[PDB]
Every structure is written in C-alpha cells, then in structure tokens.
Amino acid sequence: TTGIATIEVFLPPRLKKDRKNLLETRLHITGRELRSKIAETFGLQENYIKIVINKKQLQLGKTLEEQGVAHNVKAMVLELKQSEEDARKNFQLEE
Amino acid sequence: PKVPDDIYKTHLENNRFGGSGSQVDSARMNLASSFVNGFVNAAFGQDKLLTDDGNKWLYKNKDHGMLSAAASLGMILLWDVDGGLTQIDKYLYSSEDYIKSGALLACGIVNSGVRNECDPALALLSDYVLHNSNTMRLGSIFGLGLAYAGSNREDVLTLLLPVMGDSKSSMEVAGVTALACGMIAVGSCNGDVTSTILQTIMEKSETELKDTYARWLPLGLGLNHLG
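Residue numbers (the entry's author numbering), protein chains in the order written: chain g, 79 to 173; chain f, 342 to 568.
Hints were generated in silico from the structure; no laboratory data involved. For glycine and all other residues, C-beta sits at the position ideal for the given N, C-alpha and C.
Cut-off 16 Å, straight-line C-alpha distance, at most; resulting in silico cross-link-like pairs (EDC-like, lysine to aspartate or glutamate): (1) f:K389 x f:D347; (2) g:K134 x f:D468; (3) f:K431 x g:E162; (4) f:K397 x g:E172; (5) g:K94 x f:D421; (6) g:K152 x g:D96; (7) g:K98 x f:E458; (8) g:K134 x f:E458; (9) f:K401 x g:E173; (10) g:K133 x f:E495; (11) f:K397 x g:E173; (12) g:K159 x f:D393; (13) f:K403 x g:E173; (14) g:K134 x f:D496; (15) f:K397 x f:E437; (16) f:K431 x g:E157; (17) g:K167 x f:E437; (18) f:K431 x g:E163; (19) f:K431 x g:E173; (20) f:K431 x g:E172; (21) f:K401 x f:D366; (22) g:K133 x f:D496; (23) g:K152 x f:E458; (24) f:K389 x f:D346; (25) f:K431 x g:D164; (26) g:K133 x f:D468; (27) f:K401 x g:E172; (28) g:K133 x f:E458.
If you want a taste of the chain f side facing chain g, the calculated C-beta under 10 Å gives, among others: (29) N396; (30) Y400; (31) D430; (32) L433; (33) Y434; (34) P461; (35) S467.
Here chain f stands alone, though its shape is the one from the complex:
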C-alpha cells in the first residue's frame, strides 16, 4: 500500500514549507492525505498508515474529516465484506462520534458493487437511518445507499422514502436520501419512488429551494429516469 506522502514524494522535492512551519497536523492536508490513502490504496484490502495507526491518525484529524477519513478505509477494503466488516467494528463502537459517522458509511461502501444473500449492510444500517444525531444518520444512509445502488429492491426503498417527509432531518439528509433512492433505482422509472420524490420536491419553499443541498433532490428523480 502506497503512502500519500510518498505519492506527493515530499522526500525528494525541495520542501520550501518545512522546519518550523510544518510542525502541525492541520485539518485540510490531513483530509487530503486520508482521501489519497483511500483512493490509491483502494480495494487492496490493506494499508500501512491507517491500519497500524488507525486510531492515532484519526485522533489528529478534526470535524468533517472524521466522517471522511474513517469512511476512507471502506475504499481500501472494497468487496472484502468480511474484511472491512471485521475492521470497522473497532470504530463501530468508537468513543468519537464523527468517526463513528464515517465508519457507519464505510460499512456500506464496502458492500458497494456486490450483493449478499444476507444483506449485512442492510442489517447494520437499518437501525441508524433514523438516528437522532445528523452525522450518524447521514453516514448510515449514505453507506446503505452505496451498498445497494441499482438494487431496485423495495424494502430498502420503503425504508428510505419516509425520510423525504422527515422535515426534522437536516436538509442534507434529505438530499442524501434522494441521492440514495436515485442510485438504488436507476432508470427504472418506478412510480412508487418517482411519485414520492416528485411530491418531496414539490413542497419546498423559496428559502428551501435556494439552500445548498436541495439541488440533489432533482437528481434523485433524474436517476430514476436514466436513459
């Protein structure tokens, strides 16, 4: 498994930011490094940085990085469901909450592209799609949608659809819900999904239509009408 620093190969460039002005584990480049580690070492099932220093690297990130960096592991552990699913447990009960949100999405993202007769990701993320904290719910729903993109199965879709009318959920949760419903049922034009998401997008007001995440809801409709 390659190292993000080695991909940057800072060991050879003239590090003109160094000495005194490099001794900080600042958020942004740490998030970049976590994403690089996820992308480059994706699907190889192993890492040297976030396996041995799994908890330790997480401890030096902050805020939305936890929801990102932990989920990064899921890309490394792609399609070895029993591989990642044995590795996310140490974070499924993490003291940290944001990294718990990242882990709960990594569980689903590991199952992306594969279908299991057991549907393990469905089982794990079913009880957290209505979690009180927005981050937990967001991670659960994103992971579950990724784990079942293109499945078109109506149990997951009927578990997902009530979140549209769930105005108590923050808007980005509704956006992710529409995105998940769209990718789970792609191009099918199924009325059960389509009418519900149409009514969901029909009710929003001016201050809601202009907000950052509403733009995804039409896509959730459009994904159901691909081609």
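Bound-form chain g, shown alone:
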C-alpha cells in the first residue's frame, strides 16, 4: 500500500532475535540506504553487512526500484569480518 513495501528481513541466529522480521520502507531509495536502515533498525554495522534481495545481490549504487525489489521481498542480512570494501582490501593487500 501507499507505495511502501514490507520487506521480510532475516537476521542471523548469532544475533538472538526473531528470525523473520518486517521492515516497512519505500522503493525509490538506494542500496546504501537499505543497508544503513537495516543496520540501524536491527543494530548492526552498516559497513559490515551485505543484503541479499529477491534472489539477487544489492545494487548498492543503484536504487531499489531498478534492482527489482517489490512488496513482500525476502532480504537476508549477512555479517562480515571486515568492512564491505575492506572485505576486498584485506586480501587485496596480501600477496
């Protein structure tokens, strides 16, 4: 309704909480925005989380509407040992 989607966000059992959670949000927003909002609503590190959406990856530089999200789309949140850019950099510096 009203151009807002109730995204079903799934958090790890490592953070002991409800496995399936509802997040009401818009669709004009971008990937940086979705990771930031998931992080603040569930108290996670926005740079240490990777969101998988509608059987795909987040298009971080692209908006939600373009990447294919809609109402009732599942979103798995995944933690990282380093930052999402540091996930590249850490190995990219060790040869």
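Here the structure of chain g is known, so what remains is to put chain f in place on it, guided by the hints.
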C-alpha cells in the same frame, strides 16, 4: 577440531621420509591434508588450521587445490549458513582466482541439506553461473546445485538449463550442469528438465562423446528418473 597430521599421527610413526626430504609444501599431500581437514572437522563449524592460517595455508597450495582446499571450509561450516557465509567473504574477494572458485562453491555447499526462505546461495551464485572464467563458473554452479539438491524448483532449473546449449562453456561445466540439474530434480521425471537434457546428450559427436566429462550427462538424466 582434529588436525590431518594428527589423524596421520606422524608424531608417533617412524617418519622414514623426513629430515631433508620433507621440507617442501608439495601440492598432492597438501590437497590430501585439506580434504582430511574438511572431512574430519566437517559440520563442527570451527577449525584450528584453516581459520588462523586460512590465507597462509592457501598460499602454499597450487592449481586445482585452491578450488578444492577453499571449498573444504564449506564442509566444516555445514548448516551454519550465517557462520560460513560470514567466513567465505574474506575469500569471496580474494586476490587469488582459483581459491575464489573454491570459495564460491563452499558458499553453496554450506547451504546443502537446508532450505532458506531467503535462498542466500541462489542470490550469491546467480550472477556467476555465466562467469567468463571456467573456474569461477564451475565453482558457482557446483555450489548452487549442492545448495538446492532435491529442490525441484523451476527458477534454479531454468537458470541452469541454458548452460547445456552453452557450447562456449568447457565440457566439464556442461557435466557439472547436468549433475546439478539431476540432483536438484531427483526422480521427478519432469519433462521440462528431462527433454532438455535428452536433447543436450543427443547432439554430441564422436570426439565429444568420448571426452572425460560427458559420462556425467547421462547421470543427470538418470537422476531425474530415480526409482
């Protein structure tokens, strides 16, 4: 977590290969040790060898071991999807390419036997089932097939089936694709899969029918007709 060397318990046998003739990190026994570490410490979610020295042990393997050894971690991290999936990331962006292929299969192999409403492995390996490098594509497709064996869901099957006609992919990729389609749809005898794989196996020529990996394609058919 047990150590492959301790499973061999070289600390007690008379090491008749030692001293000067043991000071090499040769490929073959390193691959054997990685497989042993994966098998013995499987599903326990932790290791002492390839967690602390994760990158370091990988650096002393070579060639197909990277596609193997990295994927070995996936067996240790079985069914803790958010466990392995937080651990393969350091290798999801690895400078090494073969170990990237192993990691991209470990991601899927972690999801083997369990189904998630999110289908995380589907999401991760969907964009790499047509990767240009054969190793990346192979790891992605093997992991995705393992993550969804017996699922029979047609989105994955329709993502998989175009690879049969994809003659540009190396043959072993077609073999792994047939194997994945077979285990994803076991015994169902579904026409959508079956007719496609029958036409796939129908077109190969003499030099293709005799090659090493084609022998898997009939199995991909047979798996769809189990029992």
